[PDB]
Structure formats: C-alpha cells, structure tokens
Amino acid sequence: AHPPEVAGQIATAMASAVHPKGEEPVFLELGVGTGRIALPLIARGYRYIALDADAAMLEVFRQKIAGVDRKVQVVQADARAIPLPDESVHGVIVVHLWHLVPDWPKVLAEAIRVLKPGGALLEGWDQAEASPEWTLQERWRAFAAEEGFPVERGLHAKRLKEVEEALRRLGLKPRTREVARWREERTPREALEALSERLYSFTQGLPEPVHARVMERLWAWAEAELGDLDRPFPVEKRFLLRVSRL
C-alpha cells in the first residue's frame, strides 16, 4: 500500500513514459494482483487491460474498480500466453512478477510481442533500506533454516538483472529512474503479521506447519528483543521505474 502522494507519483511517471502517437494509450498489466498499481491509472481515465492468472485476485480487483471500470478489461490468463494481438498496447506494466513466473524469457517475449512501435515496457519495484523490519525478516530466515528448511535468498533481484540484459540486447535501451522516495511507519506487530500472512515469496515455500513453528519462535524473540511491538520505527523506501522502449 503506497501513500497517496507516492501512488500518484508512480502513476504520473508511468503515463509519462507512454507515447501513443496520436492514439488513445492503453496499458496492459501482467500480474495486476489486486490493482495497487492499476487503480491510480484507471482513476485517471486510462484504458487498462488487467491480466492475472489468479481468479481470487481479479474478484477483489473487480470490486475496487467498481464505478470506474468503464475502460477496463479484466483478463484471466498466464503471462506466458497473452490473449492479445501482436502490437496492440502502448505500455506493458510488470511489477513484482519475474520471480513468480517459471519461464520469464517467454513472458518477456510475450510482452514485447504485444507492444506497439514506440511502445514501452514499464517495470517497477519497491526497494526498502535497512530497519528493524529487515532484522525480523532475516531472523525469520534464520529460524526457518534452524527447523531444517533454509530458504532461497533474493531471486527477484537476479531475475531483474537478467531481464535488463535481454532488453539492452534487444535494443530497448532500459533506463532506470527513482520515481518516488518516502518514509513510512511500521511497527514490529505489522512486520510480524506480514510474515505470518506469508505475504513474501520467501515465506511461501515452507510447509504450513513449519512456518507456524517459525512464527511462534519469532513472535517470542520479538517480544524479547524489539520492545513495545506497537511502537513504530521508520522504514525508508523508494520506487524504481525501468522503462524499455521499442
């Protein structure tokens, strides 16, 4: 959940990167999820095609855009096979997807196929600086390893680097820029909850009962080492937008 001003800044940078050459611009988002990224653009009158393979996600998304879905097309499909024509959209938005797909080279390939000449691939991602939340996540990973279930570290990053390689090679000249930087409050309770809810990919591989045991231990460790679990600490974040153009 991005603060209003930040959500606005990201949308603005995204709309600024699309040059529809006299035509009304249309964005396609791969992995729209619940529409955190989509809403700010949809709210501004932009034609939008929201794609997601998760039916439960689209259900929530349809609810959120109620009353502002006149120019929105909801699509349930795998990013691997976009049910759209070659050169049909001006911008393809990809936020936190690469590490979730089995074959990104195919997803990227599909994204490039549906983009019109002069169209732009728009990748975005959050980046947070060290804070007690980082401390808790690392502790979570340590405890998981102690249960005998060590977890993989930073697949998205490596994935983001390989896509970048491909883009340059394809001549899309990927330019990355910081489009927002802010600081929010986060309490130990909130970070622990996010962990409990298995919101992060690195927490979703362990069998349910192992995660339960790790959480029990983590909650106790936080009570012992983090003071008032309802006391806020700062978390500095920035949002990066990498634009590749045809």
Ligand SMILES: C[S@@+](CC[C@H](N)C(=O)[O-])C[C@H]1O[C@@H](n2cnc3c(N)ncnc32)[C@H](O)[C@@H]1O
Given for the second form:
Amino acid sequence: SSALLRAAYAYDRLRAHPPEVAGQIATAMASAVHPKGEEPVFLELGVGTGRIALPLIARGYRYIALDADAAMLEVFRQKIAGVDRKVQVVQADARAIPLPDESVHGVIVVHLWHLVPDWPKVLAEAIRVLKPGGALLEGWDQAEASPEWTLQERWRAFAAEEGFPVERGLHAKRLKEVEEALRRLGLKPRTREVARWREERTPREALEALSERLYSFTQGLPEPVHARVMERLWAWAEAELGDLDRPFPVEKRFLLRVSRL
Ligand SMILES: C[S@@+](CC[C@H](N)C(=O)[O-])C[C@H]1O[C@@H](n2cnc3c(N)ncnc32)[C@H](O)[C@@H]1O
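For comparison with the form deposited without the ligand, please write out the form solved in complex with the ligand.
Next comes the full complex, and the chain you just saw is listed first.
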C-alpha cells in the first residue's frame, strides 16, 4: 500500500524526462492533433504517473488520463494538484475504455503495448473513441549502449544462471506488430525522432533501478530469485565498475509515431 505508492513515485523519478525534452515531446504531440475548431481533448491509455501527461496538462489541454493501477493514479493525482481543472482521471482497462465513440482528438500510448497480450483490443478501442481526423500518438524512449546496458546484461546473465532466463526484445517486436496493424487499418503511421539527449546516471542509481524492479523486464522473476540476483549484481558492480557514484552518460532518444484516422 504505502509500498505500492513508493514504487509508483520511484517509477516516476527514474523515467522522468529532462524539462527541455518533455517540452519537445509535448510540442510534437500537440502539433499532431487536428481538431477542426473544437477544443482538443487528449486521452492517454496507461497514463501511469503522468510523465507524458503533465507537460500537456501544464499547457492547458483537456486531458483524460486512463490507467488500471490505483497507485500510479494516486501519484498522478498529486502530480497535477493545482493544475487539474481540465483533467479527468479514469481507473479502467484500456481494453474497455468508458468513453463514447468519436469522443477524443488524440490518444497517447507510451510504454503500454508490451504489457498487453491482447493489444489489438486496445488498438480497436483507441480507434473507436477517436474522432474523424483523429490521431493515435505512440511514443517510446530508446537508449544507446552504456554501462547501464552492461549492468542490465549482467543481470540477465545472473538470472539465467539462477535457472530463470528472461525474455528479450518484446517491446520492439510488439511495436512492429502494431505498425503492421496500423498500415493495414489505413492509419498511415509516420515515425519521427522528436528528442535526442544525454543524461547522467551513476552505477549505483542504475543498480537501485534494477533492485526496485522498476523495469518491466525484471518483473517476471519470482521476487526471491531477483533478490538473489541483485545480491550477486551489487557485488559484481562493486568489484568491476569502479566508483559507483561516478556518473556516466546515457544517450537517449524519444520516437513519436503518429497515425491518423
Ligand atoms: C510502463 S508504464 C508507462 C506510463 C506512462 N505512459 C509513461 O510513459 O510514463 C505502463 C502503465 O500502463 C498501465 N497499464 C498496463 N496495462 C493496462 C491496461 N490494460 N489498462 C490500463 N492501463 C494499463 C500500468 O498500470 C502503467 O501505469
């Protein structure tokens, strides 16, 4: 409970985008919405803590924030305190959006497909609620190789050594499957890199992100197995990664794929 809420805030701090980057992304998303004269309303499926939503909410756009997770929405509610007059919070499943047909102008989806086996049901709901001329706005972060990549690969290796090998490349495969559906559905997906930057991260911060299972790929392992892997990984890092508090750069990019009805 308090534990679930802390994990939610932890997720928010780990995935936060630098202010300039948040701004670049929000501008690209707002530019893609074409409301013929109406006040544009955005719907985000899997809004989480509101990492993607706040930048837009802050600029005054009507926003419907949908998520199945109560703890994530509790953080979202606190994050938008004082700037929530045009926000509607919704606790529901993206496979059954409680909104009318043709009721929104843009539907935002960032880091959700890989968590939904029957994602085509979500895509169909997004299309159902989008108004003619509406846009599906998919976004995702990408990272280049760094010591964080080395740590994550070491985690994967240790997991396999414990007898629990983990799946690789689900987000990317899922993303391709969705593009296949978007083409087929006549939504003409257009992808563009909307932000590229380098941020600092220390070996210790990367280890803590793994410890707290803040990455979906670390969530499959039984918790005690992850606990054993983390003890191994902290010791390995202390022996092989030098000053655990020395920052290293991590180059990232954010891609936006816009499809239109
Ligand atoms: C990986 S997070 C990303 C949140 C936010 N979009 C961001 O980019 O920071 C995934 C979110 O989707 C939610 N979620 C997963 N499956 C869902 C579903 N079926 N319906 C609604 N929300 C779902 C999770 O609870 C979580 O908040």
